[PDB]
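Enquirer: Okay, here's what each chain looks like letter by letter:
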Amino acid sequence: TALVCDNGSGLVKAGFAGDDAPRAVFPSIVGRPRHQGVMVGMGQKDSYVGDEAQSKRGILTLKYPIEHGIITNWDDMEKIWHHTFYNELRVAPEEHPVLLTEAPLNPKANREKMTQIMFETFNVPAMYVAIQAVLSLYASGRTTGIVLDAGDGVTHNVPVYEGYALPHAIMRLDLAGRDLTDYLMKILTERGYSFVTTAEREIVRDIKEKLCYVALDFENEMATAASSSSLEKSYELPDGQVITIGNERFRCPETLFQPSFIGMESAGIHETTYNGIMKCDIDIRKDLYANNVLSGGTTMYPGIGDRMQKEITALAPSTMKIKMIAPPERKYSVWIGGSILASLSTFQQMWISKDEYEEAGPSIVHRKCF
Amino acid sequence: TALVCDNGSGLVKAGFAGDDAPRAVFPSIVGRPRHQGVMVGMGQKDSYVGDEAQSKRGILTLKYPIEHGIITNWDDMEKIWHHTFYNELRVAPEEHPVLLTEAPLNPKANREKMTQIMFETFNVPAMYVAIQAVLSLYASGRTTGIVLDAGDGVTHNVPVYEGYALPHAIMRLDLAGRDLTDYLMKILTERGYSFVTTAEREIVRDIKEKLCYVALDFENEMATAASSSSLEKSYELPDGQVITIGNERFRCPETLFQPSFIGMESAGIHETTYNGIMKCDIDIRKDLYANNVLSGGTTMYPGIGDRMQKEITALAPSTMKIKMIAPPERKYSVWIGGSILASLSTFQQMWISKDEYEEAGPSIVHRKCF
Amino acid sequence: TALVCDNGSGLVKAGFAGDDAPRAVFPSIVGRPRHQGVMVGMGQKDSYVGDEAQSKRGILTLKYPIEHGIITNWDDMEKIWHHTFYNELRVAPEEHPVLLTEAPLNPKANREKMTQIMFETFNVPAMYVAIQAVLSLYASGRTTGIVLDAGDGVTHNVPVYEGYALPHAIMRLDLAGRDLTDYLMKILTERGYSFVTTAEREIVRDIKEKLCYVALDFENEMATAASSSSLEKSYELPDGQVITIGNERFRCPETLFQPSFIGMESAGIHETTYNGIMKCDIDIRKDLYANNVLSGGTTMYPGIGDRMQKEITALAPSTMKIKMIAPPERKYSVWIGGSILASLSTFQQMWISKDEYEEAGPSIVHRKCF
Amino acid sequence: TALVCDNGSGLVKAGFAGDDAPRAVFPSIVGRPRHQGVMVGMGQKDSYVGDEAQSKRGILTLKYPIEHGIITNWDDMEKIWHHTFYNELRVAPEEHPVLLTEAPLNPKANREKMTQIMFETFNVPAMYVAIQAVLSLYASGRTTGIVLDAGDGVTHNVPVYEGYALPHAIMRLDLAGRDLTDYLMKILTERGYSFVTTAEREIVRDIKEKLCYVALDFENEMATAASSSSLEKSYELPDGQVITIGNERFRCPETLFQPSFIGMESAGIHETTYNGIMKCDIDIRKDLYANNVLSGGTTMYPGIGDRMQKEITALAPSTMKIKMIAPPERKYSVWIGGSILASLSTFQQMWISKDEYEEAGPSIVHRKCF
Amino acid sequence: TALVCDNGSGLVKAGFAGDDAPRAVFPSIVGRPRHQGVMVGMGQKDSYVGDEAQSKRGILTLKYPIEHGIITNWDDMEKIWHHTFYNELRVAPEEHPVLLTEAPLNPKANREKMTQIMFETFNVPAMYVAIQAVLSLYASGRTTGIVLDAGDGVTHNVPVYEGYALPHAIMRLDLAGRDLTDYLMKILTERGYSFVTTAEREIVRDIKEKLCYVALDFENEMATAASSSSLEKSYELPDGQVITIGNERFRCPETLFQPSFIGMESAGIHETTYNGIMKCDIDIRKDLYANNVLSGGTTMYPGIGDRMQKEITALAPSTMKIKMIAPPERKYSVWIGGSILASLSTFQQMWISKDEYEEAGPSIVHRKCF
Ligand SMILES: Nc1ncnc2c1ncn2[C@@H]1O[C@H](COP(=O)(O)OP(=O)(O)O)[C@@H](O)[C@H]1O
Ligand SMILES: Nc1ncnc2c1ncn2[C@@H]1O[C@H](COP(=O)(O)OP(=O)(O)O)[C@@H](O)[C@H]1O
Ligand SMILES: Nc1ncnc2c1ncn2[C@@H]1O[C@H](COP(=O)(O)OP(=O)(O)O)[C@@H](O)[C@H]1O
Ligand SMILES: Nc1ncnc2c1ncn2[C@@H]1O[C@H](COP(=O)(O)OP(=O)(O)O)[C@@H](O)[C@H]1O
Ligand SMILES: Nc1ncnc2c1ncn2[C@@H]1O[C@H](COP(=O)(O)OP(=O)(O)O)[C@@H](O)[C@H]1O
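Protein chains in written order, with the entry's author numbering: chain C, 8 to 377; chain D, 8 to 377; chain A, 8 to 377; chain E, 8 to 377; chain B, 8 to 377.
Don't read these hints as lab results, they were simulated from the structure. Incorrect hints may appear among the rest.
The list makes no distinction among identical chains, and a pair is therefore deemed to hold if it is satisfied within one copy or across any two copies.
To be verified - No more than 20 angstroms apart at the CA atoms, straight line, and that leaves these computed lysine to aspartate or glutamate pairs for DMTMM-like:
no. : residue 1 : residue 2
1   : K240      : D213
2   : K193      : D181
3   : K193      : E101
4   : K293      : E209
5   : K215      : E85
6   : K193      : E272
7   : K86       : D53
8   : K86       : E363
9   : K120      : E85
10  : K217      : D362
11  : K193      : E127
12  : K217      : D290
13  : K193      : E119
14  : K286      : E318
15  : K375      : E226
16  : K286      : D189
So here's chain C without its partners, still in its complex pose:
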């Protein structure tokens, strides 16, 4: 069988070919002990990875090896891959071909080094590099549609029509769930709650995950929040302290719609999708208007679909029918398509093998993968 290992910015999701649920979903963390070990009989390990690092975070310093989808340090990243293959899959890569995902429009050295690490360090029999939006489109059981995929680090619109993607219409924006978490950290100081280290960064991430939702409108929702207490909710910290939050419940995800909140110049995801489809040819825009496919955890907020449909309808011409595909299982959808892709017979000749590698050099991946 085959392995699908989505190395997202925040969460690594891994599984075998054909399965409907991932055998692995864990944060992409490398943790190192920031204080001095004093217990010899118990001892310590130089670095902790995955959920193991995620439980004892009170002592560790946490590093994301993936930042905005670009691999920044390869050492901790290969440690994360070693975890995935050995500890959690308990599998030997040498007898299983590996499928990897990646955000569109990324530096070539990135995929270069992933190929080199897979084939030399891990010696995979074959390996492929694919685009996350295409895999999400596969997961939707469709062939025509525009994928708006926003993970932890990257958001991107990729429109595909009758299976032909349009690279000139691909739009990429480096503003995603991690930057939302950072904005939540910056704004939670408004009510006197201070979080400065990565460990409490994870608390703020959990807060955004459990409490935040996307309002249908901004200004009237601001008025309602400033006029009543019905919108304030309470959350219990790991120490037992209780924090009540109000408008910042929805001001965090709305950064996806007004990047100006975090000082970015580009427009929101609605406007980015609109431009990414306007760059498309006339005859297909219709089919794209009714096939807005969403993927990644950043679009799991309650009511995001209704807000974004309202926005597009406002910018769209009145006659058109805008229909948004928001599957309940979309935060695994990018992974899910990989499971289908690895199970497709007509893809079995698309793997990049060791044989072609050793003759074509590392630059092979760019004349066999889009």
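We have chain C already, so just place chains D, A, E and B with the ligands on it with the hints.
Expert: Then chains D, A, E and B with the ligands, alone, in the frame of chain C:
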């Protein structure tokens, strides 16, 4: 039975001998993918033809194998014939005679290679090539008249009398529906609408089909258009943008009457018809004055008959009676006449059979066809 | 005297009649503050225009009011004109005639509104709208030639012969320096350099102007660039980081020769030039084959003339003599030739006066200018 | 001295009396610009005539003032005479007698208005119009012969014996070099080269002048041209494109001998000559059989004399001696012969002087000339 | 006139507008008796404040109501403002507008309650709250630069450029002089010097003020301290005991560069500044590299400027010209900028009026202040 398959410049119209309507009418286009395919499956083809190519046209490049009645790309034309016989009519030509149509004054290699392809690639038992406008007149049940046939690529006047075609009088002008469409594409930029590549050319062709007409008097029509908005009309694109066109409706067809709009020196359709008549002998001119038979979709613009009647009447002698035959089904006359002409018993000896072809080479069609 | 003011897509170039070089050459930018001001002073303005906008770009959003030769933002364009007249040239327009240039086949409402603003907001004594390529041909001191004028937004070919333009042979393509800049941004992410903001677009534009060149051949040059680092050059960002670029030096302008790179379908500028020369009557092609006139900033790449001469010669017949006119000062050509228009006496009857405007409405610009 | 100004259908040949060559030999065309002029600083004229119009033809529409030996555009013809006198011969008209030429059986108003505008617009002291073929005979230095003269617009046979021309046997046919060129244009489309404008008509005339000849036997030459490529020849357009033409080299001339090619009911020029002899009395026929003299550029085709030998010999009685008189300079005959006649003393009693015109009106040329 | 009142974490500085030396500067201390008072007299007061409390610290317990810039105990700090208004400045609140300062990213209730108390308990005519870093930059007489302001409780980097702040680039750390003095306690225990109660906190603060300096590089300085007796210095305690300190001279402020010394995870102030500018736009970073402004008492150490510059040159790229602006009077820099703002004419329109408060509640001071 027999097959009648008008390979017009823009639309292929095909059917069986004897019917009152062609079984399949579809645009003569060949589309090839212009982008890179990312969905791996079993539905993508190297090239798409016919209406199926017309529907996905946003993502294909469209080539017309027929230009000004001259067949330019033989491979694609062969593909279009394969589509017509095997998919639309679902017939095996090897057991059916075929009637083909051709514009007058054409390169001899064109019909020689048509004959070669029919006799070798498709193994047609016998095939005839007929002048299109002669067939259109046979449709109207006459033996006398001047046929002014304007298809998509070529316009031509042939005056005939008692079944005797007069070779010294045929007038051929390479100014027809495609050039009108291109002129509309050039002049639509006046109102800010841009249509640059092959996909939207079909859209402009559709606007020309649904909204254009020929003015009775051009200058007063400009006065009306620049004085009020009663002639401005709105059309919706596939993407919902609503375009308003004013004079643009009638400036496109008048290119048939003032070729100088597109830079052509040859005179208009009316004067071309008048010259095609005045090149004839005198004692028959009268019968041609009252039997102006029009055909081809380029002649379905509302008011073409009345305007061209005014023009010829102006050029004609005063005591002469000018009458024009404008069948509501004229854009199919070229086909329907063939359905008649292929059914006449007096034809059954006019077919060019295989046996004579194998002994006379490609040159036989020159000494057995007008 | 008379004022000539080329409103190019990227750079506005202005001066008085007779001078051999534009007095004011500055980019066409309106910049607005994207951040909230905290130092309460008297120097902060709602919008900055020209070089003063260029310098402060790190804190402003830059908009071009001109896109692809069609003006989309009217008010900021009025502001840019306010800069040109009052600050750069320091001139009162009320008593100097103004010469304005425009790309061919532009929406008629565009020059309609330019004329309206000139005759109402600035009340110019008179103004003429000339076609840019004609003025550039003036600069060459000729009367016959095919001008390929490519600025920041528009690439257009005009053939003229003994000074008569052939309107049916005009060719226009909305792909120019701006689109090359955008492509350069899209492909600089290949090496890990990310440029997303409007100010950073300007930096990529400077990169393009400094380190890009046109390759004589493309495949062999790719082989060379992938074989050695001799083509890789270094450049410093305004913040001092050093970037090394290899093949991306010559992949950026090759879009002018393979628009399929950027997703457009229309052919490259060499094939567009060939089609433009082909649409003309036969007896003149020879003269145009040896009078290929280049203008605009888009054609200052080293070696563009040699490559495009190679291309035309490959398409052109063997006997024909291909000669290219690439003056060193061609960037200002459209300007300097206009200076001749204003200084040539037999033209002071071609101005559109206020007096005839007040009676003929804003439509007068149409029947006195090509 | 006197002026000989042969106003042929296509080529005007003018000069002084007594010279052996015409000083001015230029095409009789008027060209008008068919496009809009944009070069304000170049010396455009309303119309170009003569070789200057010949050069700029690629941008001009060409009108021939003379069709079939009859001036249809009189204003253009006065323009052509103005160029002849003031620009080519650079001679003051009022102080020089002028000798004009005319084909027989030409409508009387033609010569009437010729004389009128010579005596009123140009104030010529005296002129003379003569039958062109009579002057052609005078060139040959004979008093006997049947002159066949075929110019650009008219072919005609006149028999003259001892200086007595016999009007009742004079034959005229309106089939000449112009219709030859038109038929050449019609038949060049068989190989796929299309010439439609007046400019390309001139190119086709040049191909006619360079590559056509008269075949001794038609069907033998058809067999030779259909069996081998020995007869094909290649010609180069002003653009550098190359045509290859085979049998069309000898089909274009022979419509002289088989007018049914272009649909004329009249017999060939050989049969017309034989009829012109046969309508003559018996006693003189022999002298005309051996004295068939040719003139006019339409008779410059190689092999015309031998072919006329063969055909007339086939028609004429066997015991009669037949002889072609084809001087190498016969295409100047109509001019040079006049130079002799205008210098003969016996002429200066036969000029139509101004004085007798002022009393006899335009009709004087009728009773003082043949 | 207007009052400028900086409530720093450790030192309160209050004065009038326009002055150059603070009329009042004193520790923000509230002291309460900790023992039983046995003498019956008129001098024993419930609670002591400011300098006079700093004198009686022996029998007092001291409380800072400002901890990390956020106000905790409102009653004692209200007493503090009362003492500043009445005993220090000897003025009445009701007839003098007041300007207050606040660290960036500070909770909502802090400044709402500050404005509340000012406008109701003290009845100030008008109040304003501004950002300390901005006023410190005002002190430098500049309009562009990144301020690093480190007081007793809060350090923060705020980059601004031509009066426009970049809120996404503001960096705040709760590590300042108070934490430094606590660290100095924690490390003085090695040499047997013990300081536990709040009274000796002032002693150790005086020690830190009088003795510590920033080493150019930490490690060679540590080797020097462990190798020789050149550096240790003697301080005279209030009780007469003398202490000699060595490496603890430069270990105390090194915490600002390596917060891991006090268990914090964040990077040092050098890396904090470099990141804070890296968040800003590219086109501006160079300007900020030359305009590093240090302010507050925490950057008064000898040698801090050289070490900070050295570190930044290590992190910053090579060519950059890095300049640190360290005015000798920076301890009051944050104050004096207010003395400008309160006196600046353009600012007299920015105050929050009592009239506007009585309608908008506490929420007014937020939509008109940054
Ligand atoms: N219910 C939720 N609401 C809001 N955000 C969520 C939710 N679940 C996950 N996320 C965010 O989505 C981000 C991306 O996770 P995922 O969708 O797996 O893509 P990837 O891990 O590839 O970036 C996570 O960083 C997380 O913060
Ligand atoms: N209703 C209409 N009005 C105007 N033009 C039409 C109409 N219908 C068809 N046409 C044009 O006529 C052209 C030629 O079609 P047709 O008459 O069938 O001749 P052909 O044999 O070239 O297909 C088409 O390209 C189409 O653009
Ligand atoms: N030296 C150069 N090399 C390459 N490109 C250049 C150079 N100078 C200018 N350009 C490009 O040419 C574009 C247009 O230049 P210009 O001729 O001023 O056109 P416009 O008339 O639109 O102002 C600019 O956007 C710039 O990117
Ligand atoms: N060498 C030649 N071969 C074939 N045709 C010729 C040649 N020279 C001239 N002609 C044709 O003869 C025509 C008539 O020329 P010419 O004999 O001078 O009579 P005209 O007096 O009508 O000009 C010209 O139009 C030209 O096309
Ligand atoms: N010469 C000095 N050297 C080192 N630290 C100092 C010096 N002077 C003052 N400090 C420290 O600076 C801190 C902040 O004082 P100040 O600059 O007034 O800011 P604020 O009072 O606004 O917090 C004080 O707690 C003090 O410990």
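Enquirer: Look at each hint and say if it fits the structure.
Expert: Checked hints:
1. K240 / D213: Within one copy, since 14 angstroms is at most 20 angstroms while 46 angstroms is not.
2. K193 / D181: both (18 angstroms within a copy, 14 angstroms between copies)
3. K193 / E101: neither (45 angstroms within a copy, 36 angstroms between copies)
4. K293 / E209: between (41 angstroms within a copy, 16 angstroms between copies)
5. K215 / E85: Answer is neither; intra-copy 29 angstroms and inter-copy 37 angstroms both fail.
6. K193 / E272: Cα proximity of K193 and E272: in one copy and across copies (18 angstroms, 17 angstroms).
7. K86 / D53: within (12 angstroms within a copy, 44 angstroms between copies)
8. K86 / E363: The answer is neither: 26 angstroms in one copy and 37 angstroms across copies each exceed 20 angstroms.
9. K120 / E85: within (11 angstroms within a copy, 48 angstroms between copies)
10. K217 / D362: neither (48 angstroms within a copy, 42 angstroms between copies)
11. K193 / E127: neither (42 angstroms within a copy, 31 angstroms between copies)
12. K217 / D290: This pair counts as between: shortest inter-copy Cα distance 18 angstroms, intra-copy 41 angstroms.
13. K193 / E119: between (36 angstroms within a copy, 19 angstroms between copies)
14. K286 / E318: Classified as within; 18 angstroms inside a copy, 30 angstroms across copies.
15. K375 / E226: between (49 angstroms within a copy, 18 angstroms between copies)
16. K286 / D189: Answer is between; shortest inter-copy Cα gap is 13 angstroms, intra-copy 32 angstroms.
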